[PDB]
Amino acid sequence: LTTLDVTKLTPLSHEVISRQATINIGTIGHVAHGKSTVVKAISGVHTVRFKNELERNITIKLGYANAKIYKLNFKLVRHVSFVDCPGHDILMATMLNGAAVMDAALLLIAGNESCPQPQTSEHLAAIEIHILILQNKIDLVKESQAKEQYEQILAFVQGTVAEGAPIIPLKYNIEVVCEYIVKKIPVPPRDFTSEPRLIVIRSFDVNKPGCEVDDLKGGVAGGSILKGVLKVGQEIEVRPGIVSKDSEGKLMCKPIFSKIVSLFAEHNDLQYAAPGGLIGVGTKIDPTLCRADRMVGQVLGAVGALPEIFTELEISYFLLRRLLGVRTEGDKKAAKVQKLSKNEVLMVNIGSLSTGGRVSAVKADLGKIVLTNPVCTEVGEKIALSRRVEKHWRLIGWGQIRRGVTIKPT
Amino acid sequence: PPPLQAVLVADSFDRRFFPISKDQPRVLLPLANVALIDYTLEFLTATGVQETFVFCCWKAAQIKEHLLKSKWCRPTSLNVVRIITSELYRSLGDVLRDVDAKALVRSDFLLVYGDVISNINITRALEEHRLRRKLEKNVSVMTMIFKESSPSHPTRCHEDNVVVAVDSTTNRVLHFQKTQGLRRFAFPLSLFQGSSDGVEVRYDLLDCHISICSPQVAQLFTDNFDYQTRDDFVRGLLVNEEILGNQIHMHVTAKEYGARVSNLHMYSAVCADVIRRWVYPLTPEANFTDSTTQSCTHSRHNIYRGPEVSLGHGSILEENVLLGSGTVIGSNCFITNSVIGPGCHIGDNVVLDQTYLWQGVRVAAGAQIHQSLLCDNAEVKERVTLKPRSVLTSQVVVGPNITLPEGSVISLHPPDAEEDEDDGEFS
Amino acid sequence: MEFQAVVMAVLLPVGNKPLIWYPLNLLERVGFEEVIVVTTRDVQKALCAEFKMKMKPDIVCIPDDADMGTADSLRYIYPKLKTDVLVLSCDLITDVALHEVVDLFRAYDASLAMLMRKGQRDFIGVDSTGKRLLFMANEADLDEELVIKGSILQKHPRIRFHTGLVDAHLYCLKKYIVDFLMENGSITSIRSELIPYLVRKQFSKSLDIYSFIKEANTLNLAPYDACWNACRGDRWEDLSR
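Protein chains in written order, with the deposited numbering: chain T, 20 to 91, 123 to 179, 184 to 223, 228 to 468; chain I, 40 to 466; chain E, 1 to 10, 27 to 136, 155 to 238, 259 to 295.
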């Protein structure tokens, strides 16, 4: 069983005190709905199932999956989490907007062919950045296996400009990859001394229908801790808060303050918060105010996080020429990034907070994007800019915040 | 079980009525001496809606003033209208996102534009929608209202003509696309293979712009930022099939009238239909809005006469003519298929054909007017002939002895109108 | 006389009783004292001699060349054609009352009448009444999108589409259709090119094409599974006959 406590000063990255979810390990590849099988083989069947609702954004939501690594009746050495979502562009844009995203990169490519999807995955991995490829072409001829190894060696030589030092090749491969990762995954330095900061990527309401008159607990939000550690009972505050435009003008933003009643992992978690996981903070918030995924896109802070609420931000336009790595044989203007057209709806994904916005104006140096909803991320952090090519939003450019409009109601 | 709710959009976000919209909101344009908002509100009241919200962005003050002095704002009215105004709205997507954020709707609401003339009863469609939602466990998300028609009818304007491919058995929409500027149409083959029981392509439908919606529609709008209009949402859902399936269903009616005015072509077609009692019980003499001025009497050939008309000697009202109260008609006038607003003044020997005169319009004797539109307080001098499709807006007075060309839209504002003047047509 | 029964064969007297006997009997179920059959020559231009051992009311047989399609066979047999024709195929096992199909050729004075059945790849589209087909195409010539003209929707704003339907290869055809076939050698098979050509040509004193939908039987297709199904159903079919 767990051996957690409520007395800690400076925990270690691989400290056995928590031993629940230490480093978020992302897996980006051309699996095409095959990486789920790899994650299940490496982690389990249904280890993480605590709150299920109607999915809101299936294709734009990152998915976390913890896994405990033990060796020797065995001793748990580390516990990393597999993070992978459909759509490499969204993950790449989230990674290239700050830090604390997929510390260890893995490639679940196939050893069957070298299709354009592997090239796109390699380009995404290069843009985001430690990487480690893996041959998923199980049950293949030995001569075909050697030919695939030669082809993968050629591809790795081509990619060695950015990252070319991966090595890997039905359950034996899982153990071999686990041992290689444990030997090779460097420990990431995380600053736990800063004030707690989390991004809410999921909302929930555990009040069952026809519940008790007093036994009605609500306000169990879910997300990822940005920087710092928080304990149960802390007076946390929501940076976005409740926004109401009923004032016939600028929308008043009232922050929500609540005590952190509990913190839950996939298993029973302790009061302390381990950075790098999809922790669920169950607070004493109104269940109505946070419906199913209604409270997503917010920042949970304990001491009034420095990110001030913003309505419009002036960014610096810097876009890519073509689609990164994606250039099909046809390529009939498919990899043609259009210019900064006015009144175009595009999302800015600052770290994990993804808001939307329409470009009001721009003259060659600063686009004044009015956010679709009020956001509070930073004052000069790197903000991405993604646009929908064909029913799929894809990263189009980067920029930095220079000025804009802010407000702070209380 | 919960009371019916209907979100009303009082802002046609496109620009299809300049320069008319620059002076008066489109929603308040008098169709038959009655505002379009009154028509839509009466439709909603008759069909059984109990709570309505009207969202206004353009000239919200005038719409609010008109609404607060209407019948539906009285405490005895069964519909509780609520005016929501905000200058940041730019499309229907913004309105639906605000609806989701403020969380007005409870379940199974109505989505209609603010310029819809209809008398549809949606009880059967509502029952079908609710039954399918309960049977399929929240799979169905939208229900559309379409009126059967022929591709040659004037109401089917070439701009908004649409074609659909649907499932005959389950009334499920599988493809949807407008037909503007097209000689041939394309249909994806995939929908054939998914269900090989027989798809049906329909081109005889008319888009009544009436929708039955679920809070899932609001959630999809507040997730998909790029969506701006209903067509965008429909196409995006029909291109994103496997993920969040969310089948869209359709209800087709063939015994009741429903249309949405969007341009002068549709305005004229709808006015002609309304005068000819096509939207019964809604009728100019029915006085569905209990106002003293719109009291009317109905006679042969659909000659609608208000109080204190004082028809002049020798004048002839041929058919399909409505006269506002307080109008004055000269001698030997010939008025046909036209609508004259209250308080107008017409001279002698004037010929009016398929024209539309709002309140306060003054016309000198001897004029010939065909198929044109004259906004309120306009004036025309003697020996002036107006060609079809002409437009006079907001007190513009046309000088004597001139004949305007076919396409002649004029207004006080210089740039938008093709010509601006106050005492002539030559500069 | 204005119908001249014509039987195509490019078959094999397989089954309990000869295969070619099954459609031919149908011809003697309703008149048709005389019938023209065209045999193959790639294998041997002598199958007519083998078929001459049957006991039908009256038979006419004509040999062909080694390579010749159905349209090519009609091109060869044209000098024996004087009126409208009724093209059939040897592989066809059905109990259809033929009088329905010819009625479409009779009442509406159509230029083409065909029989089409609910099978149990090629798209067809008929009008609301389900008699006059308006469109037809195959996935071979379509890449991803099915194209419909504006004019046909102007004249017919409601088209019902069928996908899994199976042809019976039975067609009542006019004489000037055969004359047009004479005028152009670009046509090699009826089903492959001739019918869609007429369907498209209906919209440029016009062309009328009608299909009758059935719900009872198909033809013995080339695959052996179809032959097995036909053998299984032959006992039930011949119970009435």
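Don't take every hint at face value.
If you want the footprint, here are the derived chain E segments under chain I, 3+ residues with CB under 8 Å [unchecked claim]:
#	region
1	172-185
2	195-201
Straight-line C-alpha distance at most 30 Å; calculated DSS-like pairs for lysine-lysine [to be verified]:
#	chain 1	residue 1	chain 2	residue 2
3	I	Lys141	T	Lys394
4	T	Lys342	I	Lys141
5	I	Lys141	T	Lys426
6	E	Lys134	T	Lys391
7	T	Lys303	I	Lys217
To be clear, the hints were calculated from the coordinates, so they are not data collected in a lab.
All residues carry an ideal CB built from backbone N, CA and C; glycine is no exception.
Hints versus structure:
Chain I is given as covering the region 172-185 of chain E, and this holds because 9 residues of the stretch bring a CB closer than 8 Å to a CB of that chain, at least three being needed. For the region 195-201 of chain E, the stated coverage by chain I holds: 4 residues have a C-beta nearer than 8 Å to a C-beta of that chain, and at least 3 were required. Our distance criterion of 30 Å between C-alpha atoms is broken by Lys141 (chain I) and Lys394 (chain T), whose separation comes to about 39 Å. Between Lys342 (chain T) and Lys141 (chain I) the CA atoms are separated by roughly 22 Å; this keeps the pair inside 30 Å, and the hint holds.
With a C-alpha separation of about 26 Å, the suggested pairing of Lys141 (chain I) with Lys426 (chain T) holds against the 30 Å cut-off. About 44 Å separates the Cα atoms of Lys134 (chain E) and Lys391 (chain T), which puts this hinted pair outside 30 Å; it is violated. Distance check on the hinted pair: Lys303 (chain T) and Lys217 (chain I) sit about 35 Å apart at the alpha-carbon level, beyond 30 Å; violated.
Hint compliance for this structure: hints 3, 6 and 7 are broken, all remaining hints hold.
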